[PDB]
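Next comes just one chain, in structure tokens: the form deposited without the ligand.
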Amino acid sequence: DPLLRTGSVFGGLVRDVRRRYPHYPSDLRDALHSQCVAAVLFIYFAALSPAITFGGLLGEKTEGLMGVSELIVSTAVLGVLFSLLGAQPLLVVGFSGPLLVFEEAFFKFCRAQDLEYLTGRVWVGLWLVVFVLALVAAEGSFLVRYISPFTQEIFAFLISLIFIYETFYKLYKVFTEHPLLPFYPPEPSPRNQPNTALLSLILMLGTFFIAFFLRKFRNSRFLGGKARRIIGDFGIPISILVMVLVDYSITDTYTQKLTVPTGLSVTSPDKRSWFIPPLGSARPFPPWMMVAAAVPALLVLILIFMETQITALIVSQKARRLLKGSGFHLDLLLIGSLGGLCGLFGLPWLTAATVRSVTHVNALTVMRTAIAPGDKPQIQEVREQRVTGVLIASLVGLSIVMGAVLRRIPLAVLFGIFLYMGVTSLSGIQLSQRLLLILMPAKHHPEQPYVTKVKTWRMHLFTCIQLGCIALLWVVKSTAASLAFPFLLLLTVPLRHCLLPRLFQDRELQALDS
């Protein structure tokens, strides 16, 4: 019962510490295996590229005040600290879309009022630190017990759908940069090149299909058990290596490659330094802004709390076989304090990444070798350790000095990898199966508890409601009112507790929503 209220100050935190910290030698010792290396290699590429993409976007939005080097430094430091001191070291911290929305809105507001951007960020971070400390000291992390699987499925489905859409849009942009023309006259990024878009499509699809086939090969009957396990563990590194070698063989055509800034330097050395004075560098900071920086701190707190807590709820479900424990108090305090303190040095804030954390958990899941003939395998265990997170964060930080190796890797391979992650993440969602049940004939539905106890037309209404919520949230995100997306999602918690009982019966809701 980690969500019970004790009535003492900092009670949940000491309970989490006493529950988790004794397992520390076990956490260090469980990492001696071959699956950990494959997980590290997969998640390193899964985590590095969004840093580069969002760093480029942030540098475009904030006129070079924050770029790629700042985001890389923040990701590395926060990831290392969270993995070392966290109660759930299987979570991956990183940047996200709502954070970018908040940063661009705050930059516009600061430029409108003739204020320094980084000083406002400093005071916002300090207010956020105060708010997180006050919330944790009041054991306020028990409200998570009101977050039903309704909102969890909605959140996971929306996030994975957006991930897949963005990957496809990135692929499409190549075809507009490099169109297929009749004549290519002979001649600062290259533009209007021949054989560039089609090769990119081929590389992306090849990587995706090789990874998917190698994943299917694990449950087959060919070869020995050990060879099957080893090949199944290393499917994605093998796909990446094969497609990179294939692309390297063709040396006549232009393809875009990974570019990482060289050296540990601030993006604009003339405009700013690594430390931001809290009282002002060029002008004195007005006290009224220092007082009034609380509202953006409240928005950031709501965003971070929602994302981190929903990710921790999804990751630690009972069907996923998590044993060492879960922390709903220590993780929030760690993330809030580190994010608030990051404002002093002009680094962006971070939160727990959902798809990356789910993929990290999946890459360490060990299934039963004694697969029943013609039956889906069941989860045997999950490897719990702290080495993988520290290694991934260290590699992300160290990528600055390894630009030479990273320069040989095309982006279409990573597009295929991201497609694989997005497609795989949607298979652990019950809404996915309840959506597949729409196509099957009414006599073909399986024996799940939501099938026997509910009529079909009363099971499809729940799915329609969830899909309507997902569509409305996507529409809200796409328009100019995206800054209110974290709030609207939290509005689906009253709906399941005040309105759904008025339509459904308690017995139906017990089986459908569980």
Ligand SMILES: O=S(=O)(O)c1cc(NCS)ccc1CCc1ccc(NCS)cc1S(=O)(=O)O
Contents of the next structure:
There are 2 protein chains.
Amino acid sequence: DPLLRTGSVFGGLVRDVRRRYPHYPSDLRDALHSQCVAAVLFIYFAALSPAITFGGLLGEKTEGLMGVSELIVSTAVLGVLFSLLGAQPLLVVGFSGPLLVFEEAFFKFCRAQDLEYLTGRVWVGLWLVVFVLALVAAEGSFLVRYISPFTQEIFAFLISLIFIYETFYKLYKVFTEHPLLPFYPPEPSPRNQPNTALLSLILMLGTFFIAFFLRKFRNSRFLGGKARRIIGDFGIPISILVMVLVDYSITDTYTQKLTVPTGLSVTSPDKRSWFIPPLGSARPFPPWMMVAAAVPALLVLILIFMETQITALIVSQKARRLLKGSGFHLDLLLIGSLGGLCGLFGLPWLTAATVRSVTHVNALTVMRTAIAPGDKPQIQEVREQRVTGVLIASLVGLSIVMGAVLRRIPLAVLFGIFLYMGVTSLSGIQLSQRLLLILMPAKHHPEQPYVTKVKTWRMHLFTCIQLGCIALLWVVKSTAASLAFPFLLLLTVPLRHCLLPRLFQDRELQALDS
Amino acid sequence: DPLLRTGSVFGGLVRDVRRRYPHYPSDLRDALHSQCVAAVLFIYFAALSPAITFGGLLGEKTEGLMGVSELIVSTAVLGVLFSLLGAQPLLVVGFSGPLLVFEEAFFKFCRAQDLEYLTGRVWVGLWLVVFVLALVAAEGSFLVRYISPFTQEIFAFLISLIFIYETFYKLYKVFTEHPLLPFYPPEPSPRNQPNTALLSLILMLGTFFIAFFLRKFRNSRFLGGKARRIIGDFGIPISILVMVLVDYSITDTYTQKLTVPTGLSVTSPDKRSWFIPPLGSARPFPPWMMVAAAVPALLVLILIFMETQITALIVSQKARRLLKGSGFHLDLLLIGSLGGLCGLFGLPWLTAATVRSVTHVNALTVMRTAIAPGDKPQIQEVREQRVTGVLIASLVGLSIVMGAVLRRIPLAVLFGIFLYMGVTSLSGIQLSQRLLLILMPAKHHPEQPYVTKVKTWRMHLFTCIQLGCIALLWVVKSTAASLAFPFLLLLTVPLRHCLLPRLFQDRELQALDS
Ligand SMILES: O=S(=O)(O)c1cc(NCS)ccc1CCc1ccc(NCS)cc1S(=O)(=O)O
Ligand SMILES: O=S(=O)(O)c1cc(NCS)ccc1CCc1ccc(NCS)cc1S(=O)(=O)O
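Could the form deposited with the ligand bound be shown next, to go alongside the form deposited without the ligand?
Next comes the full complex, and the chain you just saw is listed first.
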């Protein structure tokens, strides 16, 4: 019962520490195997590229005040610290879209009001630290028990769908950069090149298909058990290596490759330095902003809380075989304090990543080798340790001095890897199965509790409600009011706890929503 | 059994006619369904393109004396006649590689000895007719009982492997004429075009994958049974239509398309006419060639007999549920007489096609709708009728006046269709399963009679012997002694009936070889 209120200050944090910290030698010892290496290799590529993309976008939006190096430094430091001190070291911290939206809006507000951007960020971080400490002190992390699988399913489905849509847009943009033309006259990124877009499509599809086939090969009967396990562990590294070699063999055509800033330096050394004075560099900071910086701190707190808590709820589900423990009080305090302290150095705030953490947990899941003939395998154990997160964060940080190797890796292989990750992420959601059940006839439905105890027409209405909520949420972030997305997401708890029982019966709700 | 000798002249032919001909109204009536349309649409494309390819090759080899229109006319006429009068109307007649080799060798011999080519072909055809009549009269078609599944599996495996290899050398060739170049300066088939090879590869892979996925969709649970059956029947037409539409949407890039001669005319109207005088056109024909034309007739008879009889053996296997009957005496007489009469008009000889007939039978197989969960589907029936062959031959003949539609179909879609056909053809051979069994561990082998009653190491030796025979046969036709391939193939019957019992036991041979 980690969500029970004790009535004493710092009680939940004390319970979390006392529950988790004794297992530390086990955490250090569990990581000696070959699956951890494959997980590290996969998740390092899964985590490095979003840093580059969001650093480029941030540099575009904030006129070069924050760039790629800032995001890389923040990711490395925060990930290392959280993995070393967290109670759930299987979470992956990084930048996300809502944080980018908030940063852009805050930059617009600061520019409109003739204020300094980084000093305002500093005071926002300080107020966020104060608010997070106050919230943790009052055991405010017990509201998580009010978050039903309704909201969790909606959030996960929307996040994975958005992830998938963005990979396809970045391929489309390749083809508009390099259209297929009848004539290519002979001649600052290259433009209007032949054989580029089709080769990128081929590389993406090949990487995806090799990864899928090697994943399917695990449950076959060919070769020995040890060889099957080893080959299935390293399916994604094998796909990446094979497609990189295929791309390297062809030396006539231009393909876009990974680029990283070289050296540890700020993006714009003339405009700013590493340390941001809290009282102002060129102008005094007015005290009224010093006082009024609480509201953006409140918005950041709401964003970080909702994201981290929903991710922690999804990761620690009972069907996923999580044993060593869970952290609902320590992780929030760690993330909030580190984010608030990051403001003094002009570094962006971070949160828990949903797709990356889910993929990290999936990569470490061990299935039973005694697979029943013609039966779906079941989870044997999940390996819990602290080495993988530290190694991933260290590699992300050290990627700055490893640009020579990274310049040989095309982006289409990473596009295929992202497609594989997004497709795999959608298979662990009950909404996916209840959406597949719509196409099949009613006489072929499995023996799930929401099939036998609920009428067929009364079960499809729940799925329709969830789909409508997801569509409304996507429509709202598409527009310019995307800053109100978290409030709209938290609004689904009153909907389930006040309006849903008025339509459905308690028995139906107990089986459908569990 | 139809393989028993009666002791009277024309006894086997009389028995075959009396067994098969009463079912004629059933043969005409069985064709009223939707699967026949899909089979016709698939096999028409399966049959038309080899005529074009072999017509081009024949025109190259014979200096334009025989071309594409001659092959089309021969295919149409012989197919229509055989389907109307045959006892096994599920066979598909057409040109093959061995026939091309014989024609090239005969042309070389005629050129070296200063003789006319078509008159020699006329006399070869007449001697072939005489030999076929003599062989059929003496009940010589009872030697087919000495052809064990050893030879049948060897032949089928080799033929399918060659088919697949040739589909990948015509894409390699497609890439070779259109290499990927850094620069494409603007400047008789087009050459050195951009975006052609990669687009052809994409079209091939897309057609193959759509066909495979739609074939897999048959055994799923989505949608109703009727919709599943209808969609699975038309998987290959749907793949072809979708990929043709995709290619048509892109109008910037050059792709090679189907071309057919227009009008009904001889390839070289100046050199020859439709009728070949048997006494000589420009020079008298020496009687010594008139007498000595028996040996090439013997070679042609051996080739046609072996190919047609092996194909008929493979098609009429007991596991394939053939009911209306089989023809071992009527089909040989029909094919031999029609081929011999074809010589007078300067048309090439035809034989039964293995891959095309196997695909034709597979396309008309009906599987039981009561599919057991987690179990292989069972064959319910095979639709035996005469309409499909007549329609396919008529369409092949009429394709001359339908070039406008045919010019919009790229060849890469057909390459993908050929790959699908070749892959599907290899799944009905026991050698395929016994070759898959090598990779799997000995504790996972099924309960087939060649597993339980034979030691594991003693069964792998039979597969090695078969593979060595196949490799030797392929090596022999690669070289210039490919005219002796049929003799080498028939040499495998003494090997099985004289040498194999000296090594294996009676029980081992009975279990391993049917
Ligand atoms: O976070 S994602 O990995 O899906 C992502 C990937 C790319 N490119 C390939 S790494 C580009 C953008 C995104 C995230 C886009 C996004 C997601 C959620 C929200 N919520 C807004 S309240 C907003 C965005 S936004 O950046 O398009 O505004
Ligand atoms: O008969 S096939 O459909 O495999 C074929 C197809 C193509 N091109 C695409 S339709 C080209 C050639 C062939 C057949 C080649 C062949 C097959 C068997 C033999 N054995 C007789 S000794 C010989 C040949 S050959 O034409 O290469 O000599």
